[PDB]
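Asks: In case you want the letters, here they are:
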Amino acid sequence: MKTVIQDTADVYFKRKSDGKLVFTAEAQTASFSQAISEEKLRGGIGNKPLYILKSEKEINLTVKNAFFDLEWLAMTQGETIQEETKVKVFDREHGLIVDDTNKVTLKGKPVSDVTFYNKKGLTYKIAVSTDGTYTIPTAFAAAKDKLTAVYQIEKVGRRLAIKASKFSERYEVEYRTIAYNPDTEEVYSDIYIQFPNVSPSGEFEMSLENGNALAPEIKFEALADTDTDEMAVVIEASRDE
Amino acid sequence: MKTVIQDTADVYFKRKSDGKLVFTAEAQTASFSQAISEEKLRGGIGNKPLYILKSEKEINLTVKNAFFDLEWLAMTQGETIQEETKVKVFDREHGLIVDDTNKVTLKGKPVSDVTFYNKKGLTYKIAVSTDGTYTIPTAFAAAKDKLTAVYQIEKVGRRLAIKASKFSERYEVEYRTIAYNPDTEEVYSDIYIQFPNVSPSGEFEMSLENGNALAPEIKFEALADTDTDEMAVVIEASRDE
Amino acid sequence: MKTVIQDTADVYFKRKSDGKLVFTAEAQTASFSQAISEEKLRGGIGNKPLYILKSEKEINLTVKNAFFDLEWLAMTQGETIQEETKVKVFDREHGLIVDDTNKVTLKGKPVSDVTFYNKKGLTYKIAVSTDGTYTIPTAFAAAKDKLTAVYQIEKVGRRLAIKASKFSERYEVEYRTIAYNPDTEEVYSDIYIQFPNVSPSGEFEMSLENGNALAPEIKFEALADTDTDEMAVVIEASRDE
Amino acid sequence: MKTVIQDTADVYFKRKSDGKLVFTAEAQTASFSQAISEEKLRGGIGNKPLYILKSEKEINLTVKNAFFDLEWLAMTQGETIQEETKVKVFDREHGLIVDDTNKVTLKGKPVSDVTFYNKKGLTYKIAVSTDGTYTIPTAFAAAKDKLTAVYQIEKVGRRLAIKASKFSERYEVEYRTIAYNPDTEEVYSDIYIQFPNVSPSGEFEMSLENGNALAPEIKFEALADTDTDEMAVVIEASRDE
Amino acid sequence: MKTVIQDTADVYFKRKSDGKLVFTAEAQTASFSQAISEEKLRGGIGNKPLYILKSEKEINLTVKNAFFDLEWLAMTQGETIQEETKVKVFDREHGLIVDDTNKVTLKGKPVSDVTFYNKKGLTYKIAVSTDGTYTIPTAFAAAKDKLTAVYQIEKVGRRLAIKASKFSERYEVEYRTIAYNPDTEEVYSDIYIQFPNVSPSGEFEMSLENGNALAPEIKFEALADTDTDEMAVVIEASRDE
Amino acid sequence: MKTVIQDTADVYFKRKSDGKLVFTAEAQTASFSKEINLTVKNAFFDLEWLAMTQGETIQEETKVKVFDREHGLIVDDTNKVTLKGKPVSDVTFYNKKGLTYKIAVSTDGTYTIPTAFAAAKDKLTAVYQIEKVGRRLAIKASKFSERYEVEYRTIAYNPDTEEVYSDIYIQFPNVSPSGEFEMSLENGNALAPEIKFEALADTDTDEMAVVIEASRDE
Amino acid sequence: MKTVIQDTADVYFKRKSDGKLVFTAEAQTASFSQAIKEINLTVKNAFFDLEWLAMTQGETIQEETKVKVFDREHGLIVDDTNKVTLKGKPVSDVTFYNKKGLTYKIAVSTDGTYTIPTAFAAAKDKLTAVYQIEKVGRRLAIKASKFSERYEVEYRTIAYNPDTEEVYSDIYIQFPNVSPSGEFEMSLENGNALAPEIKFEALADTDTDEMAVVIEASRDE
Amino acid sequence: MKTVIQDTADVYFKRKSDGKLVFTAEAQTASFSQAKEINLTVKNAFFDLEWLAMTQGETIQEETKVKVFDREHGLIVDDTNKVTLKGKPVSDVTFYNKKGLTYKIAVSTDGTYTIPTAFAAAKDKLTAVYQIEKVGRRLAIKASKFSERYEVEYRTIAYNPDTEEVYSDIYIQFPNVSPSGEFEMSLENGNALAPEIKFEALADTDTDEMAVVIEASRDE
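Chains as they are written, first to last, in the deposited numbering: chain H, 1 to 241; chain F, 1 to 241; chain J, 1 to 241; chain L, 1 to 241; chain N, 1 to 241; chain I, 1 to 33, 57 to 241; chain O, 1 to 36, 57 to 241; chain M, 1 to 35, 57 to 241.
Have a look at the derived ranges for each label pair, beta carbon to beta carbon:
no., chain 1, residue 1, chain 2, residue 2, range
1, N, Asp-18, O, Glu-203, 49 to 55 Å
2, N, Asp-240, H, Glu-203, 31 to 37 Å
3, H, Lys-107, N, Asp-18, 23 to 29 Å
Rough simulated footprint, nothing fancy, chain M against chain O, three-plus residues with beta-carbon under 8 Å:
no., stretch
4, 69-77
5, 85-93
6, 117-126
7, 158-170
8, 191-205
9, 208-215
Worth flagging that the hints you see were computed from the coordinates, not collected in a lab. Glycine included, each C-beta is placed from N, C-alpha and C at the ideal position.
Chain H with its partners taken away, still in its complex shape:
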């Protein structure tokens, strides 16, 4: 029976050496494409007419999200998110006290507190690299513009390194959506698409624009299962049985 489809699909992943499913209920695009490549043999007086064919099939998958999760990053660059790692990053402060005192103070932790970037222009150009308790400026004052101290701070958190590692680990994917019977405006079927033995592709793009949701997008590529030569299965389950 003909049905209509008017919504996206819940996406489920699974790793084919363990479990560790990564479910997703907030999704915006679940795309599944198929293409066939053809090589041809030609010859003749009238034209090159086509004689015989050679063929091969490919299946591609694409998932676009609405939230940001670091586990989606770990799929395309297969490694482990190392928890409780101490890391080294930057920080800033923009003006604390008056500029003409021959003594200024800072707060919280210094590590080579350099590039003081004072005044409306020019940096420190000195890079005092001194971490006592209160750092003393020098030379002229050029008072009442800013301080603009740039730090270097050590904190703790997760990590994920990107290296040329040649990930060799497979996945199983499932898409689930609903279909509507266009006579009573009730649901009729659950449409599932199952991909066994898929592989994560290396194509990626992450852009943080001015104002918008990030919307992470990942891509895959489906290969044939070794035992049963299948690539994707479409299933139309009914809700009366």
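Put chains F, J, L, N, I, O and M on the given structure of chain H with help from the hints.
Replies: Chains F, J, L, N, I, O and M alone, transformed into the frame defined by chain H:
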């Protein structure tokens, strides 16, 4: 004369194998394209183009309906839908309350490993329990907390398998549309386009978006007739004859 | 003097063999584009003379109309339009009611066999009966139910066959537009673009989607004249002379 | 000092053959782009990089105006416009009423073979008559009907020829723009960009859109000056002169 | 925990040779991309791949700011901004009136020839007259006419030079953006994306269009680090630690 | 009946003295050209291919001499540094200036580089020879008496339904290896060794090569 | 066994007479060929070094001497008195070129100023000048005969196992009694590395009569 | 110390009879081969007539009257079967129609000609070929003969692989060299010419040397 077309086309497919005929009165897109390989002959001073070399005349067809029907996308992939088969699908349970004994109770019939998610984003990997009662570790969560569960269940439905196989089935296609008279606003002509000896080339594309119609797409490739070297005919019938 | 051009040119096509004139005063788009082959004479310190090698010139034309005419289809596939040709086209009938003796009445004039569909979806194929009344099996349909019928009828009209033979003939093409005086917005001059030796090209996309006009598009591509070594001429004729 | 740029540039062109100056104060787009590529040397067991070779460079320029003049077209071809040329163009007369004697009167001066169209789309092809009155067959149109005529006339104007063996001339370009202070909202600096030894690339597009404007494009590719090896210089002056 | 990102990032730089921490906190776009390519060896009867060889990664960075600085274009090049340089630029003076004795008064200080433009279009090349006035001929403009003058003049300001030179210096880029909790709205963690060895390459683009937001665009390519064999590190630092 | 030929040919080699069935499943080229010549170009590397062009057997479990380096050593302190290898012949320690110092180290190396030239900061790089086990082939100028028999196999496809239809066997009795050989190692590209043979007429049936088209459906 | 070769071969040299190993690093091309019996060797390195050219040619690389080279001065403006100065130290006749392409040849002047005839160029005109210059540096010479040295050569390569992707074999090729030939090609193309070429001819030894040996080893040994 | 070379030479040639420096080239290839014979081959990317007259002999003659072909394409015949030309011919006029035929006529007092009625009708198009006079340089390729010798200079720059600066300048000097007779001038479609010059290097008549290789330094 110069007519106006402001509507889609009704399509008809007839299988030349046994007898079948399938039509549409609700299509959303009917398209017909032609591609020809053209190169140039280049000559003397300035590399002037003089003659054009043409070959490889191909014709492609594109049909996009407004409903989802499993019999229609089984044409572009040569197989048979196995009705009334059992399969394994994914299932998710939300809103579970844990008592003071670190005990949780599930409802349903899991068949695979059970994965639990907490409110922070951590994973638990318990196996199946006989009586549907699980003991969450104390560090994972405490009393009066909420957890969600993911598992697998079994269902009965239809099943289509996408493989790497040769279809080799042929059809005859007909498009019909209407064309108005621009200076009288009455229907003037009926335009028919006929394709004999077409084949179902595989370039399937399926995209499920966030709150949008699906409009499934099927593509075909038209091949020359072996009796009158035709690939498509165009007919315009006037209602005044 | 500088002017402002805000309009679409009227187009004129003339076949170079006989002199058939096909024009359009209803165009939406008319453009032409140029391309060239560029390379460098370079290499580093030794090849310090860097020079731009320019060779090969390409000129392409595209015209998009707003009405539909079959002469544009006949131009790109060199073939005369057959007129008053008897052909066979599909025709369907909706909403037929089964009587007591399981006999339905068809008011059409079929040529091929008749196919009957019911409301749940099946198919009954029967041969033609002279009186126009067909018996119906008891299992397929019941009394006072609804059915539909599909057959083929005979109609007359124009025809045009798309064969696997490349087109012929060359066309002279002309674009005409007008330009405006900037300071006092009056008409200043007429601008003509002429192409004396131009061949058609096969790039067709006849998409008939619901709710949208057709807007046919035709593509030409230019070759050098054998006497004047020209491809296009641009003429600016003032309206006061 | 950080600035804010919000206008286009004034563009100055100079020809390095005679000393012409072509300037534009109504520009709509002025852009320049860069591109660099490098090669690396590798060897040994494991093709580890051992050296970084010289990096090459290329610069492209694009200019888009808001007016139209034949000089911008003469620049990209290198062919001089020819004043007072006698050309043959097309013309069309509408709404011609036949008399009871099957004769029409033409108010123009037809030169080529005249073409007549009627309200059904039929064509008649009749040579030029001396007295301006023609004879129309009774099968074409009856008395008191409407016909349209297409023919050719002679006109006078200016001529530009786009040949296949003329790519010429070398130029020198300058861009000027302004830059604002982001604190006091006053104009702070004047920015000049100088390109010596440029060559006009052949990339032309004239799109006569429905409505809209023309906005011609002109494209250049930059070379290196022989005396001082420079390709483009950027000068940031200030309002302190 | 899954979060939401809706803002751009800070793009701290730091050269390795000498510490010059270059700052920007008013960015408009910060993007990071990765691509993977691979090669294979073919074999016997079936042209199946035998073993893998030559798989590579490549990471690209793109930064788009909102302000404009000349120390942001000196990063792509390898030259230096030379202060206090005397340069030659064009200048234009509109609306000069020719007096009764065919002379025009000049208010500027040319250092080259003066070009005069009339109201239809023409040229006149005269040399610098030390008196300050110029004698326009009789056939150019008679009296009470408006002319335009174009010179070359002198100015002092900063002067960059875009050459074909060696780009060597490598940088350490770092991004920072904050993420929000979907359930209750406050920041949950900070996201850092530290590239550890980057090399100036790719391209540049300065598009001066008649709206606003020049938005200078810069790109980089990230190469593998020597000591740790890393390319990019993604860090999520929670605000509760 | 007409058929299409697509793929390579598996090559089988067999000596006429006693013969070992050295075979190939992955080859890139199998050509064939009164005289008949044969060329076989592989995709892997096995030492037996170059054991046929030269008449001399492989000698397993030999004892040979080879060079080895240890680049990346810096003097710890005082005067010199010690190795970690097991050298057989003398050692050649030298670095940074393109000049050498030759010595035969008993247990450790100790000598000064003109005081301020290299004392504890300028690292030295050394090279020597060691002892190793493995295989061996010697390319002499004798023992050129051997005969071989080769066979090519490929498949043919039906031009109307596209399944396999027949097998093509090209058999060459009494072939002999010829004297051209070239192994070139370059960066980033595979080896693909090439083996050349020349056919000759058999002394019994006067035949040089036989083409066999064996149908699948019989 | 079925192994795959993917890269080049490390090259080692030895001199028969005294013993001096000049090679410890990477290479670009290593090859040896058999033709009817003759064996030839080809080695292409990645860096140019004059010690390699001292092997293919029989001549000691001459050290610091006085040599005559060429120098070119680009851009000279003719003054009012047609007297052009030079920033160099010409030794022989100085040559001048104009924009059209004519040539002038004038003997050196100790004052440093050269007069320009009116037929060539006027004042404020651009000219180019070339002259001879002496210099200091190394030197090598190519003579006619007397190639009188012999060498020992060794190539080493790593061979991979296609099933598990770990290194399996360390192949070596040893060449005793090899002599440098008279073949030498040196192409200074545009925008590419030179990759200098050294060619060798192999001959049989006396004690073992082995023209060249090929050795295959393993990693479990 | 090991270097890297990435660029071409700055080849100079000088003669011995008079010794004119007519070679200051920006070449694309400058290669030297040895087999005891030594060969040189140099490819520039430009065109100079003085590059020739070196492989050949003789000299470039100046301001000599010549005779070359010229075509006028697209002549329209009037109603009275007359065709009018524009240029000035001196040998003959040959006419071609659009059907593949040929017609001939000699020079007349005026450009007006009388086309035969069987050739073409009125309002047709023809093309014409004839000969005109021009003045310019002229090089003659005679048979055999040789009277010239030369000296050759190749200059390139080396690089330090670790510092990326110029370390040494490599000079290759060729004493007495004689021009060869090998030449290939192919004018393909949409490609540069890149003329080729080959030589033959002999031993020095005094110092008994063929080629000299010199490595200068920037640490002088």
